[PDB]
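Only one chain comes next, encoded as structure tokens, the form solved without this ligand.
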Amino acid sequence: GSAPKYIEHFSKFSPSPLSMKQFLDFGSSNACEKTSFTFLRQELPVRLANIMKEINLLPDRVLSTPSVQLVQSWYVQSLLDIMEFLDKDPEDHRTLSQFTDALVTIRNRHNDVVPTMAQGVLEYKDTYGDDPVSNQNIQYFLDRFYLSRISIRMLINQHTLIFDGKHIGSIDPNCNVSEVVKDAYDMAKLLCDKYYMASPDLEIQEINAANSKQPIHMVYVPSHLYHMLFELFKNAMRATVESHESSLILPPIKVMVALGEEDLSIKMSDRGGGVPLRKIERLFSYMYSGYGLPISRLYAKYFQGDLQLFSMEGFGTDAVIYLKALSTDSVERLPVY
């Protein structure tokens, strides 16, 4: 019952971004469970307190809403839950087992965060209006808040999956990008054929510059790449099918996977009639949008990547996921506090 002092103390501590290589040494063996416990009990309240302090600095008109009070109550409970293990001994295996259950329960509280935050934005539009300045402030915090949420849940999933009894938790060091593209297409195809009476076909063209025709693989979180590519397929298929409804030919959703010296780019092109440039900004705005696209961009940025969209009204749209090719360059992108 001392959360305000806990937030002030740990807000001074800066978050600690981690590279892809560091995640592997932690998950290299089950013997590293103690080192992960001693690190996570310190780092988790730092990331919580930093965003929690940013949450409290919000204006009271936003902070006083029931949606914001609920999420802040979850962060406080999980913060106080993690701080019970600060005084415990890592050499006791029971202390380690209790921490995992705590982390699994911490996630269960924050499962419905994105739908909850979407309610507060809709409440804001109908109570205070949807003006450009309100969008910039809502975009600024939610990107940082969700980027903090992506970073925090990343740390939890690695410990629960590794320390349970080829894939290092949620990270696949031999991640076949084309297979993840095909999997995201297959899920979108299933939804497309149920909603519509057709589905665009898939085309993939890999471009390995240094090793032409060799399969392109990287070190990444495939669950993140699936989330980004899947949200892109749903948009490409919706526009492609609805644009060619009076037409018989259904163009394919062509994809390209280029492996450069630094970038691993993943372009997805449709022919859904495209979008005017005026409305491209609207697709990434939380208030004006239906958050799979901005959240997908955060997954890209989370490891120094990016996700960009460029369209041609009357023809179609192209979307490129930019990922760091090297695991060295793949480092956590956290909100600057």
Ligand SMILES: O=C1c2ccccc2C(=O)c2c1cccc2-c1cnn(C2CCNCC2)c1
Second form
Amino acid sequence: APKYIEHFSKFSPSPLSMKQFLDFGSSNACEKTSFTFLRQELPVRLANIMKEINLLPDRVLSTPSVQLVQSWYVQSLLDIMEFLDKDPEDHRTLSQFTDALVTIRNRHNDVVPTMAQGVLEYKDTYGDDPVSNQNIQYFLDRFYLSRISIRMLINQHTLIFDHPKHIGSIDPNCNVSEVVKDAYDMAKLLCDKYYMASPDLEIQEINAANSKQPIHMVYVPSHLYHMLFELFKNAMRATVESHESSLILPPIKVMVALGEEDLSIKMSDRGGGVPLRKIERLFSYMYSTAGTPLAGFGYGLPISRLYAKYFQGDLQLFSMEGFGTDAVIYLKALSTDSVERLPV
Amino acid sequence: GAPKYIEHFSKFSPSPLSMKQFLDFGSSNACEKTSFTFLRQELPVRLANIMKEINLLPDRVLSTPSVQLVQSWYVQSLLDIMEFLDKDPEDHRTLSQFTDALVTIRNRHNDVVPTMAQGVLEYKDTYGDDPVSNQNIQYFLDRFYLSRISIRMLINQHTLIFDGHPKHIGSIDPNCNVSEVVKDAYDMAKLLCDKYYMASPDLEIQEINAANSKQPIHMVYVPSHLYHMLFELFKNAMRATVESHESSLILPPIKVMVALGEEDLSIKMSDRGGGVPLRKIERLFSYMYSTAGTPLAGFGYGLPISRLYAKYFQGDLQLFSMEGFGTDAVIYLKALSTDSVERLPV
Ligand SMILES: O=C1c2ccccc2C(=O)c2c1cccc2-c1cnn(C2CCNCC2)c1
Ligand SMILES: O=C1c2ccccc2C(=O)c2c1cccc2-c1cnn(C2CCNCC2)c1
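Switch from the form solved without this ligand, shown above, to the form deposited with this ligand bound and output its structure.
Starting with the chain above, the whole complex follows.
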């Protein structure tokens, strides 16, 4: 296993473009090609994340939760190693490979909260929240983004080779407003259940080049949903908790803008805002302004920002203390600008 | 005599002053002899530290005629203040000579910003060089121009208080009505916009005083600093708005929100000038980068200098755009005088 990790960590993960994802999940989709690609690329990506995990201080690495996560990565690498000698022409190989990728995806379902638990186990033993937080911040960004990239490759294979007009998890005609409404509907269910009130949603679209046209892009809807759902939970909590005695809640306003290069989604709340001093902290792992279902374990904003960065986007927060907050997701408008951002 | 004076005074660190200290020392109890004995130590300390900052430039930028000229001004200004070290504070003519000397220094340095910019262009005309030295230049110029804002603030306080509108403590308005400064900046930008384009967007101002909803928003601030930032942001918003609506009879207005929270006084300026792609935002804050003769465009110094004015009393200035719609520029100031302290580079 240390042998496999050293061999595969000699290679660099290969960033894939949206055009490649669409081409390889198209009419010409060949399962044998996907198999011979992934039995090289997934060990490369697994070995590079296992190297990233070994760049943690020995005291974080020795926590039971981090050792558990490490044991999963080892097991997953060994599962794929079983396929290196197997024959792509044999339909049993291809079927076993798909089953193995489903097993790996399922084994890693709770990586995010488990890795979070290891960071808390480090505090329960050393009793300290000092300047090693910048090192952990840096590592967890790289770790969780690498993981988004591995699950993207596994989802593409299992969806294609095991709505219906998608290419695996990609919707080439992703209606951005529809995903906004879906995220809002699900946040609103949680908000209504706990607070018995929720703000309304207003959506405005600005299609600069085509004023009357609904805004569509090539994107992974589940990634956009994740970001917007996390931002809606924040905007709805801020709005209801700042208007605890009001019959009238100010609405959440979403603008979807399509320019030449950027598709921008701004979510504006009137939840009372945050002082500028507190913004950088909101993007820290496990920092929380907060049981309300609208509050998590402080992972919503930093993970959501990784989803945005993954296809060359970004996620920014700008607040005005005493009024409210704007959260902006920046995506690449063009499929030809949309390439995996993999930690280097 | 000069490299000796610079070494002696650079042993000291500039002392950050708070809004309470500025108000107290320009108050009822204002003593000119106290201001003199303070500034004849603090100004040489600040001059020596900026002259050290200038010597941290690569030899090729430092040897340009424009940078050598700026260096010669700082040297002459340090020597002018050195003449006062032995002079008697009890002699009222010492104090009058000191004020005259500070006016001379302020006037001598009036063109520092564009002269320093010329030295950066002289460096390109000789090397060609626009590569990876730009981050070093950016880093140095931020520290240089902010140190200069701080020296001019001290000189302006002394000459406005002790040389002789009327409720001000030197350049500080303890009851600075933020909306009034917004209107002043807008009126002046609008004159330039009308003169060149023969059209200008209207202004809408909304105030949100979270703790006191019906109260006008006031703070302790230096109006001329707030004016500078808002005037530069209005020029940008007006240019973007008119140049994206070159065939329209109707221009969308510029909207300003002034919000007062417990800790922050935030001023957002929102235009519908078509916005900028996210890739281009970082370079708007770069010295001498220009999206651009129109008086609404400069030599690419508006945003980075404006951000230094915001940083100087522990604020900030941020830009966020939506390509195809428009741009929000936010000035963040400290609401409370007790949080308002000089940010000095050492
Ligand atoms: O299933 C595949 C696939 C699935 C989903 C997205 C992308 C791909 C994909 O890219 C791929 C696949 C199978 C076989 C070969 C490739 C391939 C093409 N170019 N490369 C380059 C990497 C960087 N430069 C050197 C070669 C690898
Ligand atoms: O004219 C003055 C003045 C004018 C405008 C603003 C501020 C001041 C000012 O503060 C000052 C002045 C004259 C004499 C002394 C002081 C003073 C007070 N404390 N300190 C130092 C204490 C230890 N290190 C940090 C600062 C210096």
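Numbering follows the first chain given and starts at 1. Each form is matched to the other, and the largest set of C-alpha atoms that superpose within 1.5 Å is called the rigid core.
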**Complete:** After rigid core alignment between these two forms, the listed option with CA shift of 2 Å or more out of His227, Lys125, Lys234, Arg144 is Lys125
**Message:** Aligned on the rigid core, do the two forms place the Cα of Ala31 2 Å or more apart, comparing between these two forms?
**Reply:** yes
**Asked** Would you say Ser247 moves its Cα by 2 Å or more between these two forms, aligning on the core?
**Response** yes
**Prompt:** Rigid core superposed, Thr95 Cα shift between these two forms in Å?
**Reply:** 0.5
**Item:** Shift in Å of the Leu58 Cα between these two forms [rigid core superposition]
**Value:** 2.6
